[PDB]
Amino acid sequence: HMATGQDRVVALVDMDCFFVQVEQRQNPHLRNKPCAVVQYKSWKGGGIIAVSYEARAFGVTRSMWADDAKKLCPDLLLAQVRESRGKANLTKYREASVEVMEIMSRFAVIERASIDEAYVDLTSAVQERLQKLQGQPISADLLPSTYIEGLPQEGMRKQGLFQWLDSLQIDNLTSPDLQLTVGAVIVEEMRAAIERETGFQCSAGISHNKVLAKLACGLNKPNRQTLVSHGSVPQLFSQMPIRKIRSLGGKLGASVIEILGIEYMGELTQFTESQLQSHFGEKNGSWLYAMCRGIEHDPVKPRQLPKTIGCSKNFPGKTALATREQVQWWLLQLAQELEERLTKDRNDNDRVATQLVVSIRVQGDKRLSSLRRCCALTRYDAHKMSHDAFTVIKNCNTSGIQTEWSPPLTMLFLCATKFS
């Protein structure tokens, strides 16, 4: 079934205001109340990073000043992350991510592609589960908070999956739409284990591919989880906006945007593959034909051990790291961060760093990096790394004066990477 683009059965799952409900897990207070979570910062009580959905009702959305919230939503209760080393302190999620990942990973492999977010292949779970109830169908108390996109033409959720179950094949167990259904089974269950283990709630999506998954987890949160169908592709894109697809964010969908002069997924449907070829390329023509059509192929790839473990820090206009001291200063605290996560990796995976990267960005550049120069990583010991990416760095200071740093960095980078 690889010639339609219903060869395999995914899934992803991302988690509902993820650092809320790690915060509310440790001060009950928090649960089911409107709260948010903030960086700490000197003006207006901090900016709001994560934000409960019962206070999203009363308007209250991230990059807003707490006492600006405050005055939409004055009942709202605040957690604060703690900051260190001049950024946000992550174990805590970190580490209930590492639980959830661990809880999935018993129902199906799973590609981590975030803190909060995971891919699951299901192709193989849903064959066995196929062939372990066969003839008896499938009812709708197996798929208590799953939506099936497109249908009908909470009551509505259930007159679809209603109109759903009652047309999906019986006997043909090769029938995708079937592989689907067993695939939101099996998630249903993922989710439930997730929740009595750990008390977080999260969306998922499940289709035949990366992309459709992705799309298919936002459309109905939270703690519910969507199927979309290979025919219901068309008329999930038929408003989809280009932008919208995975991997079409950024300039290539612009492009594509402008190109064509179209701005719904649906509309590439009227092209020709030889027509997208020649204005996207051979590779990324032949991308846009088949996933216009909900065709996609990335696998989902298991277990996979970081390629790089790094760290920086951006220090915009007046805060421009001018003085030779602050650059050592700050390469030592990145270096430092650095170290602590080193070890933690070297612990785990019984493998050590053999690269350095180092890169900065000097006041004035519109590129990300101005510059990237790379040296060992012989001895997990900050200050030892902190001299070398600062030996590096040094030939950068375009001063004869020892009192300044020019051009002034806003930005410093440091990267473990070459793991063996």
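In this text, the rigid core denotes the largest set of C-alpha atoms whose superposition between the two forms falls within 1.5 Å. Numbering follows the first chain given and starts at 1. First, how it differs from the form deposited in another entry.
- Rigid-core fit between the two forms: of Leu219, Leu72, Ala113, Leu165, the one residue whose Cα shifts 2 angstroms or more is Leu72.
- Core-superposed comparison between the two forms: the C-alpha position of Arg85 differs by no less than 2 Å.
- A movement of the C-alpha atom of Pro299 falling short of 2 angstroms is seen between the two forms when the two forms are aligned on their rigid core.
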Given for the second form:
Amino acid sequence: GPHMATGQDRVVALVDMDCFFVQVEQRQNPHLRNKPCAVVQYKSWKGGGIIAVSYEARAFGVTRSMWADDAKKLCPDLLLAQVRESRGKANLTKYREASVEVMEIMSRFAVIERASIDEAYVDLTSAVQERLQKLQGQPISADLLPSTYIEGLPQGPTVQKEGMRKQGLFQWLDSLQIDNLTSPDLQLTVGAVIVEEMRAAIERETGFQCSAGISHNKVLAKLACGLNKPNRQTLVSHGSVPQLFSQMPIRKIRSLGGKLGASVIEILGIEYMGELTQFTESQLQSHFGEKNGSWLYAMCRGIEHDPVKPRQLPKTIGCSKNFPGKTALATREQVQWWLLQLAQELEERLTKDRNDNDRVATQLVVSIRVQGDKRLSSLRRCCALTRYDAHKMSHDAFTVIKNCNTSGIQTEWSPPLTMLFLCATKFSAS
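Compare with the form deposited in one PDB entry: the form deposited in another entry:
There are no partners or other molecules in what follows, just the one chain.
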């Protein structure tokens, strides 16, 4: 109808770095560039656990969450770089810093929401209308979109990938209505021109390549980004949604990869996101509750209102280490020594944070997991964080958990601890 909202009011992009930790190591070590390559943590455990994989190594089937020794069976020439270890744990300082390089450049173009160490959303609505003016009324050249895919195109009456790409892009452009400054597709198109520039800026100034999605909301931008990785960007228009969603498994939409998505599948008897359109909102609200119901009713139509939040910094600063199986911490002396390792790294990072971003954390959260409980957090207690001091912070963290020790013995800890997690939260401006 004429009163029904189509969710075309915003231009939103998600930019995600291609195999980010590997790129960071490849920039540093030229010997690793353009090779099957992976980043692991903890060498002595089956060669280390893989957390990032180059696309050359992906083509042998190497994946995240693989042990390196297993990965070598698939890929014997697989090169590896290992994560820095400090105080007996993984230290991610180099990637956090690399992330700041990327985030800052993105910030010159628009207000961003940092979504992970590697990706950010971008509300390009204002930048689009500003460019749209000063473009007078000139058409948009395909030269301006040299890595952009139009989802759903080409269609209708080349055998190579770049061949298909341009044909899709030509079809799209040749249909475009530059007469109308207020057309959503035009908005998206100009949004995509800006992301080309932004992505060019990131690579020119950091050496890092990335992919992006351009659409009208965060969920479509995120999904779009993944459609043509690596080193490419994808425009998912409102019109492209019904065909796209008609074979799109539900688990692929953001926040639907867990238990909620499974229950949508199980309770409703469906597989694809598009199948959700045949249910009334009240029906959906009835099954998955009021909030999820509303969200699903609109999302299966390509409509989502979640705003890009202005927030380039993390809201919490955290430290954890798992103590699996037999390395579980079973003495009081062990627990105190590790809380101190954690407290020391956290102090280092909080002091940095205070000087960089003019703020202080005020609350400390202590998380632990106990042997046998598969709940990845068994218990969570908190205290005041009044000083950036490792010894006090570990002493406090111990105070608030020490009563979990069921061991009648003075010097023993039971049940043995399989995770320690320290988290600084509740920031105030300093």
